[PDB]
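Novice: Okay, here's what each chain looks like letter by letter:
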Amino acid sequence: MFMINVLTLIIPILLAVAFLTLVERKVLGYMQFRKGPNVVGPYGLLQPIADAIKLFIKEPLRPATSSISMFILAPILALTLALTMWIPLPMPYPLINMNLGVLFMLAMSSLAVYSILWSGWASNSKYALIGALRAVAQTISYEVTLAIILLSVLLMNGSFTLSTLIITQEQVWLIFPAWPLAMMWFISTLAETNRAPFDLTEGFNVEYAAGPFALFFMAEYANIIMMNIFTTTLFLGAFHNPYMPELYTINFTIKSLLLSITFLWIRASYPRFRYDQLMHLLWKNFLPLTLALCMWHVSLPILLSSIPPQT
Amino acid sequence: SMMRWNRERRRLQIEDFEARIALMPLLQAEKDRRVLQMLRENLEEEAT
Amino acid sequence: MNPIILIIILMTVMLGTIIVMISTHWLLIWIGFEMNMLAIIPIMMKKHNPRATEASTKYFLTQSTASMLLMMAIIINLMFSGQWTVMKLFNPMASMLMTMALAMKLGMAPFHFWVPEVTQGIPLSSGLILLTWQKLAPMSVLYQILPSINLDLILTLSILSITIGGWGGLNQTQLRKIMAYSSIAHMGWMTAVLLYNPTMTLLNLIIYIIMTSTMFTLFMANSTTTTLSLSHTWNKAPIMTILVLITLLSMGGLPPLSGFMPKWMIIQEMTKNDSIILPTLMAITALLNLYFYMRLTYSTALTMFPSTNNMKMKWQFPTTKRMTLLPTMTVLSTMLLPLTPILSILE
Amino acid sequence: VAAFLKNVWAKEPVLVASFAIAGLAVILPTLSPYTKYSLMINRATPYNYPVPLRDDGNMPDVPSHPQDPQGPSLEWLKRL
Amino acid sequence: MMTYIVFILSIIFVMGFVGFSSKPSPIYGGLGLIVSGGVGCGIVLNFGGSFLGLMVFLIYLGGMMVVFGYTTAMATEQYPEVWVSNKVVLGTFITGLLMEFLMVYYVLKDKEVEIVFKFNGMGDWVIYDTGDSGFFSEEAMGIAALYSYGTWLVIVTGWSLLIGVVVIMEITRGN
Amino acid sequence: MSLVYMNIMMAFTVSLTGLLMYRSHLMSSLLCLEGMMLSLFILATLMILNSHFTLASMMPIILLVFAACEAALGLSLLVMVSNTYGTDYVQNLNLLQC
Amino acid sequence: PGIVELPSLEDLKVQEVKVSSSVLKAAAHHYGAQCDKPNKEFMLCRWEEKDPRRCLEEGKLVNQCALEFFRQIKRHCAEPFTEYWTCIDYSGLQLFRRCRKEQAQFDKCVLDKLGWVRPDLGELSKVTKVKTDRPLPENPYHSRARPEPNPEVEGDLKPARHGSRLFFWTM
Amino acid sequence: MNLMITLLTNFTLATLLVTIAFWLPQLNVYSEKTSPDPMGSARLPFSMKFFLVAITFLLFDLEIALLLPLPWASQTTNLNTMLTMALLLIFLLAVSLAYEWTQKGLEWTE
Ligand SMILES: CCCCCCCCCCCCCCCCCC(=O)OC[C@H](COP(=O)([O-])OC[C@H](O)COP(=O)([O-])OC[C@H](COC(=O)CCCCCCCCCCCCCCCCC)OC(=O)CCCCCCCCCCCCCCCCC)OC(=O)CCCCCCCCCCCCCCCCC
Ligand SMILES: CCCCCCCCCCCCCCCCCC(=O)OC[C@H](COP(=O)([O-])OCC[N+](C)(C)C)OC(=O)CCCCCCCCCCCCCCCCC
Ligand SMILES: CCCCCCCCCCCCCCCCCC(=O)OC[C@H](COP(=O)(O)OCCN)OC(=O)CCCCCCCCCCCCCCCCC
Ligand SMILES: CCCCCCCCCCCCCCCCCC(=O)OC[C@H](COP(=O)(O)OCCN)OC(=O)CCCCCCCCCCCCCCCCC
Ligand SMILES: CCCCCCCCCCCCCCCCCC(=O)OC[C@H](COP(=O)(O)OCCN)OC(=O)CCCCCCCCCCCCCCCCC
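Chains as they are written, first to last, in the deposited numbering: chain H, 1 to 203, 211 to 318; chain q, 48 to 95; chain N, 1 to 347; chain m, 4 to 83; chain J, 1 to 175; chain K, 1 to 98; chain Y, 1 to 171; chain A, 1 to 36, 42 to 115.
Next comes chain H alone, as it looks inside the complex:
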């Protein structure tokens, strides 16, 4: 009965990642004054299935790998860490209800750079290795402000429990007392997944075939949907009636779709940063403000007597 619940989590994740490609191409279509896919299925609803069957029978490149084991374990780790970030997410009750789900997600996302690094070393190219090292440096850079912003917000929560984060926001959204943390969190999650305007990989895993590239691709989009849902729970937490959980489920679904389309609407609006310009954005703009707001959200529940409950 629990394995049924694991399958009903992981199969709709893959279906939602499949149709996120359609939603991305349609929304980027209409924002670019054009249409997106509408020929393949009715209004394009068979374009993800056609793209998947195309990528999964495409020829493997016969890759001259510098290692077998890291070449295989980078998509495996990418998909496993793409799926295991979902299991503490409260929707309104998670698959794995754990007391440290926030810290669990921060740890499993900090482990997600090894897929990039092992894909980089598993290629023979020095240029692909340089691009992978740049991507790893970018991602571990923005994980710093992920951790500090996340800590600063959870100083209003009481604990690292994600289900408690629904109880915290029953009177007001947590974007009202923490909107600078919200906007820096949102740009930081934008810069984690190498999403535009932080996508200098399209400006490292091309040693793979088109199939394993589809695996890294769907792991990246599962991370995009997951960080949008986690931002929804973290700042725009919905109303929850324990006798009708579908109210919370429809509410955070609508907010997660709007935030994912906000990613799609940011990527069709801005040019890319140069690499040192987003290192400047992290280390010289987001990090002083983030440390000051960390001091502020430490010392503020003490001065307002609004220290949240531990339990």
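What the hints contain is simulated information worked out from the structure, not anything from laboratory work. Where a beta carbon is used, it is the ideal one built from N, C-alpha and C, also for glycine.
With the C-beta cut set under 7 Å, the calculated list includes, among others, these residues of chain Y facing chain m: (1) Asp36; (2) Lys40; (3) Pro119; (4) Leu121; (5) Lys126; (6) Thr128; (7) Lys129.
We have chain H; now place chains q, N, m, J, K, Y and A with the ligands onto it with these hints.
Specialist: Below, chains q, N, m, J, K, Y and A with the ligands without anything else, positioned relative to chain H:
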């Protein structure tokens, strides 16, 4: 808003903790009889 | 190096040694050793040449291995005692591990194989710090755990340290490696008398630090790193010529100089405890140290003199170098023997 | 000290905002009246069991039942 | 079988270090140390040390072993390996890892049960749930006490981290 | 003594034997050293959680942080070696024989 | 060593309170109000004796007074209590804050039919004083006598006789 | 237990999708192709800046590891000491950042 609601949640935490405190004598007496039951059973099966 | 950063780093070295000296807890002992190593690593790389990077790498590897063995000894103590007081250890396995780890931090033989290398790779002031200040923290931990130190192990390490620091001084023309093998021999001397009277351990430590600091201060005043470069001191500064060599006659262990003060007192505490063979052997090996270091004394005060013509230019310039405490440390390293019963202040 | 402040607010508003937020986070917990209530709520939160005392005979400040007058009361927390 | 699980992980943990103490390469050495960190974290998590296991993942593995793999990947110039079609490029990997789990299951033999059954821990070893603790992880509150009780510890730790930043920036300059 | 503690000590001694027999690289030395640090973390954590000794639960984190900072220092040393020779080979570190 | 004296199975038998935890949490504050005295005499015996074997009968007194707490709910107000603990029982964390109208009905029916006042916030966490006739334990750790300390130093400090007595130094 | 089953199912689905992604187009007998990028035979030069940002990540990540028990430390009784040490840790993280600033450590990846 977070001020009023964190203060109310602290009052609710104190209410739950006082429920725990009112229940701890019964749970402690049942725990004592639990462990003495199991040790008497282990003693008798050790003797046989 | 930025001088404010130098002051901060030197105070951090002193702070790490002080945290090892004042703490009643094992985690703070380990923290003080970690702080001491972390801060002393740029002192070795003051000049930024490949020999300093090699020396700092060897020093990092040895001191990191000693730090992890120290933490394993602490963890085994927490198994068999459930507590953290810096006192005697409650397992001879943890006692053996902490004795081995402190012998690695001191560079006692057979863990001596990093001491003549690293001292060769680094400048003279950083070698001065490595051979004077870095002895103070592991000798303090050995002072605090001596009810658990195995007798046979500390005597084995002591006599092996004295023999290897003796036979290391033959084949050397480098002044820094000679100070390093003298370091190894004197650490064998200090840990010989540790389980019998640790006041003589502290006396040997203080006299050793005074003599080593006098020698490195003279080496910095003359900017000489080898025996052959030391041999030109008679023509440049003739007062510098003999002070090096009466200080080194002290460092051998030779009356009436104060470097005869530790070893004799060490023998004076080991013939009480019915060990006659062991101080006899250790001080015969100290005579072997006298043999090689007296050959160096003959090298500087006598035969191999000759100068070069550019020395004539150095006659028109005095030493503007800071010879800090060098008359004080030269007086305290020779003429202290008539004040030998001052050692009661070290109880 | 004022034209320099306008200059640094023109050039670098991020660092001005950071130092202002950090300065307020330092000074404002002492300038606040509600800071003592944080201390009072955290010391009145009962994580343990309130172990009773043997009645020796002369303890006027210690009650005999939770619904007694004497004892530490949280009327201030209920009202605020 | 399920009872001895911590012990099983510990055996794998020991075998994990034999993955890289024999030192086949620094890159496979990092890979073996990551797998060993995961299984030692499993050992930690199965005593109720949830925060400490997440410090293994977040700080040891995702914080420091990322930097070890990063610095290793900026050295040790690579070279290709066998890249025949799928009967070599993945089939040998699967047969090798099946032989690795064969080696894991292979050590639980008659020379092991003389140590396991004479010194049976499972049944009386894992005693972290001995009675009630209350409304709090004792390990969480012990880590929380770093700020009220650990004033000197936090001072010397933050000073060592500041000195670590200064020391790295001084030695990595070359001037 | 106990069994799982003997396993963590066995891992510590195995990574010690790997730390005491160098093959080619300095990164192998740093990896064996940090495997030693990992085993110290595991064994300290199991002792501290076993005895329910509460205040020592901050101790392994301390044992992490310093030592991880220590590893950072070691990595920087390796880098300077690899900026002089091009490799991190321990046989390039033999100029201090004389 | 000595044989540990475990009491018999017949000395442990009591009429248990066989209700679930949501029944106990819905009936927690009135239990803390009305069953105060044998509960606190038991927990005072439990923290003073540090041994459950000497805390048996007082514990049974708890299990004598808990059931008479619930029977007096079962005779008068079993239906508002059942409607209240069902809504307590629904929730995962068993929130008091989800069940306020059933709480008001249970408190109203209890204050009417029995006259019990639900305690204020802050009262059940009080340290109370307990009057007992049982004695104070003179050695609850069962410890033996401490070893005697070393004799301290005393008296006026005289100078050292003929100095240090170090081989030839006369001072 | 449920967590281990969930991790095992996620790992099995990942390995199954990788195995399908490798073995399904290797049914094809397409072509054995020959004749094997911005460098052809150049070695990798080391870059000091990437290592500086990696070690900067590691040191600030250790400072974050210290900062992590703050939502639990807010519940303590000695709030003045707790607030002083929390502000002291975040201030030392800021002092490490300012020293990384002024010694040109954040340059050419600022
Ligand atoms: C109304 C208010 C006013 C009242 C005023 C009353 C006082 C008025 C006079 C004021 C001045 C007083 C001066 C001190 C009192 C006399 C001390 C004395 O002679 O002790 C005898 C002392 C033992 O003889 P005693 O018959 O048993 O005692 C007669 C008294 O009752 C001795 O009594 P004690 O039982 O108290 O003896 C104490 C004890 C007695 O001794 C012992 O218990 C045995 C320990 C003795 C040292 C053994 C060390 C052996 C290994 C190291 C040798 C190093 C090389 C030797 C020197 C080479 C050149 C540097 O002394 C010690 O432990 C300290 C060490 C010896 C220092 C003596 C004082 C020297 C001050 C000036 C130093 C100038 C450099 C001298 C040479 C440096 C070495 C001494 O003689 C020796 O040990 C022979 C060594 C030389 C003694 C120094 C003579 C002092 C005058 C020297 C002026 C000329 C300097 C020339 C330039 C520099 C040298 C080339
Ligand atoms: C959670 C749901 C979503 C949340 C909101 C996010 C949705 C909106 C997204 C919009 C599109 C974003 C596109 C990509 C953005 C990347 C570029 C960018 O903006 O970089 C950040 C830019 C960078 O600026 P920059 O790059 O222009 O700066 C140039 C810097 N120099 C001069 C050094 C070269 O801005 C920031 O870093 C600001 C971050 C937010 C600051 C919030 C401060 C709050 C107020 C504090 C107090 C201030 C007053 C002082 C005290 C007063 C007391 C009374
Ligand atoms: C290259 C190899 C293959 C790569 C892909 C696969 C591996 C990498 C991706 C998956 C990572 C696995 C992470 C496993 C642990 C995650 C942390 C964790 O367990 O946290 C949850 C929870 C703590 O929360 P809490 O609520 O306190 O616990 C219940 C208390 N009432 O704690 C619990 O609930 C404890 C549950 C029991 C303990 C679980 C132990 C899992 C098995 C050991 C580790 C397995 C992975 C080893 C290799 C890792 C390589 C990175
Ligand atoms: C129970 C006892 C407890 C312990 C008691 C106390 C033990 C003290 C141990 C002292 C160890 C000191 C080590 C050296 C000092 C540390 C800092 C340092 O190295 O300063 C020297 C300084 C560096 O200048 P720099 O520019 O780097 O010179 C190199 C060329 N450019 O400048 C120079 O290089 C100038 C040259 C002269 C330097 C002389 C320094 C002597 C310091 C030691 C004095 C003697 C020991 C103290 C007194 C006796 C106590 C043992
Ligand atoms: C006491 C409270 C706690 C304080 C500690 C915690 C602070 C949290 C934020 C941490 C920030 C860490 C890094 C800070 C580095 C400061 C030095 C600096 O940045 O100098 C350079 C800069 C000139 O800019 P430039 O060099 O051109 O920048 C490169 C891109 N163009 O120079 C500048 O832009 C000038 C920056 C310094 C002066 C800023 C003054 C702000 C004043 C705000 C109002 C008063 C606030 C009260 C406290 C006083 C603060 C000074």
